[PDB]
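In the block that follows, a single chain appears as structure tokens, in the form deposited in one PDB entry.
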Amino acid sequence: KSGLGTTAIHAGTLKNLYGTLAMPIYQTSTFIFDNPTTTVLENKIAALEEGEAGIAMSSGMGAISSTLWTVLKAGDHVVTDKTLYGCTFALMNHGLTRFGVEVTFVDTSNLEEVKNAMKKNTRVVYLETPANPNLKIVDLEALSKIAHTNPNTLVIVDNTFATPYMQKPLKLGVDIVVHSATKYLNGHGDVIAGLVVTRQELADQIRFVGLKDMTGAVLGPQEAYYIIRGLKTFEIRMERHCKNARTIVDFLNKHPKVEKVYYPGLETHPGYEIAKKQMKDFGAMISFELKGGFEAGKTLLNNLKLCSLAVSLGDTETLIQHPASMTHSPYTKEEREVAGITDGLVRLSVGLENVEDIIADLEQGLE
């Protein structure tokens, strides 16, 4: 009965109990007989995703790994994408495989390539949309029905980029939604954290097996506070993030020194029509190709005076990165090529600065 800002600001409040609207910080570890702060944040994110239960962990990787250590075992099979955000790619290709888990990598945008990758022992289909680093879109509802043909399969979606402001995968059939709260949900570049939302049945097992026993990735109470506090402005931050991005996209698309732009809002974008039906907005992550390749990325980034060179995203400050010179410096040509880092690719996370100043720093920087 209540809107997104309202939900984020008030869901889970304990004002009738403490007399404060602001949740006290229970910086404690010894409860007495004869964590409250984290719970509020868990009830909040659940409300925002419209699921039954939330779980907080100390990082995005803590939220994913705790979930996968709970619902997997040796002998299980996992279907995911050839390109995921790293760290979860290392967990998939190197970590689970040392412990008897089969992992098939496919193009999740191809619906049938997902269908025929599936086996009796498939326990997890794990998806990302939008996804690094060309913002691949992927039809979550189409994929969830092509995976529940197997009555034992869970669909897990990393909803970090879209946030519950643009996408609620649990409404499109998904079973488990995971967030890197480090990005947009906290929003303030000062917290590593992760969140999970799923049914109460599943959530209780991820908390009491995967979190308590398999990772121990507890979120600190002060960090739980920082995220509750961050959420008070979640809605207007995403509004300004997305409003700034759209203008920056047009700037980059009509720029002579720029060859291509990757952005789910463009109609030239691959999964454009898919992106339009499941996303209320087209996101604040923009990627684009540079004409002058490697040395054009270096020179562009080395002249920007307002944008900050970093490999996080979702901060109130605008962050820019050039995977080839930085993140993927010690890689091969074909390691980077497919998929999908090229020599000119630049990643931008649009912050909340006044868009005129972001573009002015972009403009002078492109020359």
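Only the largest set of C-alpha atoms that superpose within 1.5 Å between the two forms is called the rigid core. Positions refer to the first chain, counted from 1. Shifts are known only where both forms have a C-alpha. Compared with the form deposited in another entry:
A movement of the C-alpha atom of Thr332 reaching 2 angstroms or beyond is seen between the two forms when the two forms are aligned on their rigid core. Taking 2 Å as the criterion, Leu14 counts as shifted between the two forms: its C-alpha moves by at least this amount when the rigid core is aligned. Comparing the conformations between the two forms, with the rigid core held fixed, yields the displaced runs 14-18, 332-335, each spanning 3+ consecutive residues whose C-alpha shift is 2 Å or more.
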The other form holds:
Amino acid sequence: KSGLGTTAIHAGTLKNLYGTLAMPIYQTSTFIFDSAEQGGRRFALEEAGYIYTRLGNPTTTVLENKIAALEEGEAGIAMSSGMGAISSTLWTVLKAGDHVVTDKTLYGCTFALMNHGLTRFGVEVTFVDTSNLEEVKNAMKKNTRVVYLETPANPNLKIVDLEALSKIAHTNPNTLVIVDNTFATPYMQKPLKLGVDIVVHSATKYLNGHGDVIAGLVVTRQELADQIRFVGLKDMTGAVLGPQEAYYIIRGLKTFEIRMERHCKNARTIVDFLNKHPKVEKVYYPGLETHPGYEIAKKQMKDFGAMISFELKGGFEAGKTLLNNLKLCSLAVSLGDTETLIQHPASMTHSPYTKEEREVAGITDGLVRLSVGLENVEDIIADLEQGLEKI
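Got the form deposited in one PDB entry; any chance of the form deposited in another entry too?
The text that comes after this line covers the one chain and nothing more.
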């Protein structure tokens, strides 16, 4: 078995006519046929090859094959955002009258899709604490079609047991388990090997890694993949990845192994610094023995990630003061970029909401979320240290 760097670099490649080393950018909408009969054979699935980029594209196929190889699944599908991957999947496999079990701690736009979108179209959704196996067992119904999971998950890097939850879900023979593996990536976690049916990613984050593409990826069995491609993507979302962006992500994947290694190395060192810092009252990190679900993280994750959240003891003003004094870390949403990113949800993403509303949503006044980048760790720590001195 080839190593992960070898796989990220080489897996899934397709031939080209000129033997270019780089994967060509097939920046095309349509494809020409040699004859009427060849066109007919492609539409009848009797001959291999391409028709139209919304259906598939050779640049995109390489990307799809690569992510499937990394997750050790049968088939990949690419979309023009993580929400495109998630929605295309859900619109394919659900119908009015179906039921979904999921967590309240889900990526915000996914929560909105679940709570306000799917429910408008006749889907029943129950939100439970998926760290409580009994709650999940009790929420299962005959018409549960999807159990949707995310681990680690915002804002406190909650860990849930994918293998155990999948066994519970699969007591109903019609239930699919879908996992958003964005934060962990296939460098750390391979949900399909734990019995999950479908993996989804925001490739916008670590997989691309360079903060320049919005994209999503799905990995699953061929039978399900073909439905997600030819129903969800083709007709119900149209979230078609641009060939240029497919190329950018392929290119980003050339450094995926070494980026993830450095992200995690940096992060573990920063966790130790923050957890020993007098102005930080608590650190949320899956690799701390004091983190809830540490033992689950240790079983299902090869490393503990490069996201860190932490609570400043000085609360709201401490969060703003820290961030406003940083010179290296960048104030922004998103994660998984080569540059370190940081946000203070109480003053930034959750500015429309009262303290009470924020706290109901798990956002505390001193909570800071850090996406650790690839800078020299001494420089990231020096920046945090000087900022913390100002509180």
